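We begin with a single chain expressed as structure tokens, specifically the form deposited without this ligand.
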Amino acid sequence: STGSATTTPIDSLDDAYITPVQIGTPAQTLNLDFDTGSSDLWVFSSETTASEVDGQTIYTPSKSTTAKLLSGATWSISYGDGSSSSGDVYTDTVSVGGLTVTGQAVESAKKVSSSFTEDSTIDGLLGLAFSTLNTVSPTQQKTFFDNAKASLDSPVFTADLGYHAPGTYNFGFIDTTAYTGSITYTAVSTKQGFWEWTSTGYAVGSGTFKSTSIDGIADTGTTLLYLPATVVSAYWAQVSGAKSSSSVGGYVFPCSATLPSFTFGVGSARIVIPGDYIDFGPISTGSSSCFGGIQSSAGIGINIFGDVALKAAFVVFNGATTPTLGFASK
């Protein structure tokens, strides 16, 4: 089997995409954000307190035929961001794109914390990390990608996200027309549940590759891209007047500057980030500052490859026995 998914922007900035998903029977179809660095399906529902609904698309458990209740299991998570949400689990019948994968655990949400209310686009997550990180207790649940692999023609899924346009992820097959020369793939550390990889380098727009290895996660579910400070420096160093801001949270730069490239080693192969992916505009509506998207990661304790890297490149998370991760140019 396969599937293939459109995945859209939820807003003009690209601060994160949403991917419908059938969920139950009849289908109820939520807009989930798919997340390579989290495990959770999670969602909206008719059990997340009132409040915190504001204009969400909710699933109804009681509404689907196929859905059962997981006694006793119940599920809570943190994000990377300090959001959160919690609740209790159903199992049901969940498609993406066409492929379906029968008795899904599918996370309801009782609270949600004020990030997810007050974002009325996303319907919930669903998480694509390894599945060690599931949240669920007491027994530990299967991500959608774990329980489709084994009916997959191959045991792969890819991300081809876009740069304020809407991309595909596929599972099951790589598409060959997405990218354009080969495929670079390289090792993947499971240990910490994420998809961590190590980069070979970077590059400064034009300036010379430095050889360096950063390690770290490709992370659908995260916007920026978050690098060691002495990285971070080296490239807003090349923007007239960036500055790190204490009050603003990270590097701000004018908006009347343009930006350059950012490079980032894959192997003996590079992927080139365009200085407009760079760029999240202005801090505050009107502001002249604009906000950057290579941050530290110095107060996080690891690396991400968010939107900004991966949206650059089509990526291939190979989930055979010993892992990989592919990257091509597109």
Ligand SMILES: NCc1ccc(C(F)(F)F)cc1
Second form
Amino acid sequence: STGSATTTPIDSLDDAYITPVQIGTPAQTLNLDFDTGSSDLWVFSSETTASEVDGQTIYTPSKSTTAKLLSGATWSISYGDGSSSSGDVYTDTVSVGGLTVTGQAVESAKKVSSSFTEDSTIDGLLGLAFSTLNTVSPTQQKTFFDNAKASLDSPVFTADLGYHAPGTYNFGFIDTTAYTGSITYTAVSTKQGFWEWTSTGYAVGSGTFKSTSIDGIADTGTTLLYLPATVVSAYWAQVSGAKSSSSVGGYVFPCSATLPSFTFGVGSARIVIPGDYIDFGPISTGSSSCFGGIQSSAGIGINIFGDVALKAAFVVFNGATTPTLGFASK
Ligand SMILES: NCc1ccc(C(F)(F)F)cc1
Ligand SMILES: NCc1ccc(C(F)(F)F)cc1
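Next block: the form solved in complex with this ligand, after the form deposited without this ligand:
Next comes the full complex, and the chain you just saw is listed first.
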């Protein structure tokens, strides 16, 4: 079997992408943030503290004829940005673009951090990292991808994110019309539970390509590109007036500047990120200082190929027994 769903940016900056997901019987449609950096499927629900819900669509297990409470199970998650949420666990039927999984763990949020409350457009997350990272206790639960793998024509899903435009998540097949040239595959380490790989180097603008290994994770759930301080300093040195701002928390640049492209290596291939993808607009309404889409990973501990990098490519997440990541230009 296969599945295919359109994913849409939530705002004019591509801060996140939401994808409709059907849960329960009859279907309750929620718009979830597909996150290859985490492994929990959790939703705003009728059980969420009322003051902590501000416009989100909620899942109501009591109205689903296939929902079953998973007795004794709880979950609690903290994301790398300080976000957190927690609650209890149901199993229910979950469908993504025609692809159906029965008995999927649906984690019902009882408490959510403020950053989720303020995001009215995101009804929850759908984790797509490896199931070793799932936070359900005392019985760990499988992700939607792991549960569907057996039924898929091919144990893959692909991410085709748009620049200020809708895109596509496909499960079970590779759309050979959606990219140009060839797909370059590279090895993945699952030792930390992430889609972790090694980039072979980078270039700034039309500059010389620097061969150097950059280990990092492919994370659809992270907006920006986080790279080592040496690489990020080399990029922003090519932008007149750019500087790192402690009060803002990253590199800013004059909104009048033109940004150079950024190239990253995948084996012998090159993915080019156009400079316009790196502009995240004014730091405050009316400001002439703009926020950069490439930031240092020094304070994080790991390099993150977030949406800024991924939306420049067609990305294959190959969940075969030896997992690999594929990248193609588009
Ligand atoms: N998108 C999920 C996510 C968020 C943060 C991290 C960090 F910070 F631990 F790298 C990993 C994965
Ligand atoms: N990396 C996971 C993640 C994804 C989205 C959000 C947001 F946008 F809701 F704050 C927080 C954390």
